[PDB]
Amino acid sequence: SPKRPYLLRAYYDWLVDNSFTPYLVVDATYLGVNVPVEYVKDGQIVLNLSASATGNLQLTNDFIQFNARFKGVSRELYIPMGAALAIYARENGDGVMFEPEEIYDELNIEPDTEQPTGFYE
């Protein structure tokens, strides 16, 4: 239902097809993000999604996932689509900042915690 995944994939292809290095701005504060906090700045990390800087990159409707190496330390990165803030070309900044969609809001996310119930029955 959310359009963000299709728009991200569209820009990604346009970037790569034009020989641009696609940079993804991630809200490392969002629910489910999995990135090395050692490289996070002000609740925000910028990733390189080019073929070269990624292993097994997958751009799903629900998440971005890939193997990344930070100073020899290869590992997996998981980013829920709701955390993707923007994607642009490293060589010139051309890209898009994703428009907010109501569904990536925890209010629209199914109950993460249950209702106050008694105990006895």
Contents of the next structure:
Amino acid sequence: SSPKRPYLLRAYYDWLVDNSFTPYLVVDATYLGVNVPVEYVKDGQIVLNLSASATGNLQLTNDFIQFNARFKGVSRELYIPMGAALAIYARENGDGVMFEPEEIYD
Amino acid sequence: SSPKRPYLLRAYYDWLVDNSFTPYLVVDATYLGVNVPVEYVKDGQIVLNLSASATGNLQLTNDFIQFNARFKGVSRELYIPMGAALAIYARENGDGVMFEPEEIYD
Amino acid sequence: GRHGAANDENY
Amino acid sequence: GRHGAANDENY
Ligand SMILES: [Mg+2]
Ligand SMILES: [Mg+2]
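If the structure you just shared is the form solved without the partner chain, then what does the corresponding form solved in complex with the partner chain look like?
Complete assembly follows, chain above in first position.
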């Protein structure tokens, strides 16, 4: 069967937004195929605010997360392979999920 | 914050269906507000096939699961409060989830 | 001999 | 002093 990660990602994203929390996505910036501003990468990772307010055209698909965001006013198109998505949680209280290390992503 | 159960239910339901599994919902038939054919209740519970094939107008909302189904050819409208939804799994291999006992449902 | 669900397989 | 995310709060 396919990985459960993308389904759980969508579930927690909606739960976070519906509860007025700001969804923060933790990404492994070293993962193959990741496209993010390297200047904002720290400790091999990057945290991204996925709220509709901080993004544009957000897509949460099975194999990837894609959206536009701004950095110091500059707009860029981010692309995150699902295997690089490590967790999603509330900026406000830390509630969310740290994804299980599903084999298929290794 | 609101319960995570309905969001996880929708996530696993979609994951099950997308992987060609038949989603089986485990329900606490004794829970307040449950409307199911009492003749099919056993050990205080009832298992329901939630596939589009076995149901009609299935709704997976935050507070309830509602849909039409047939029993020995007879159609009936089932209503399951979210607190009564105990688990959802694949008829084929048992994969799925047994929901955590979120306090709000007690 | 595997038992299924309560409702009919087809609506 | 709580650190936020990398991208701007508003797109
Ligand atoms: Mg926006
Ligand atoms: Mg149908």
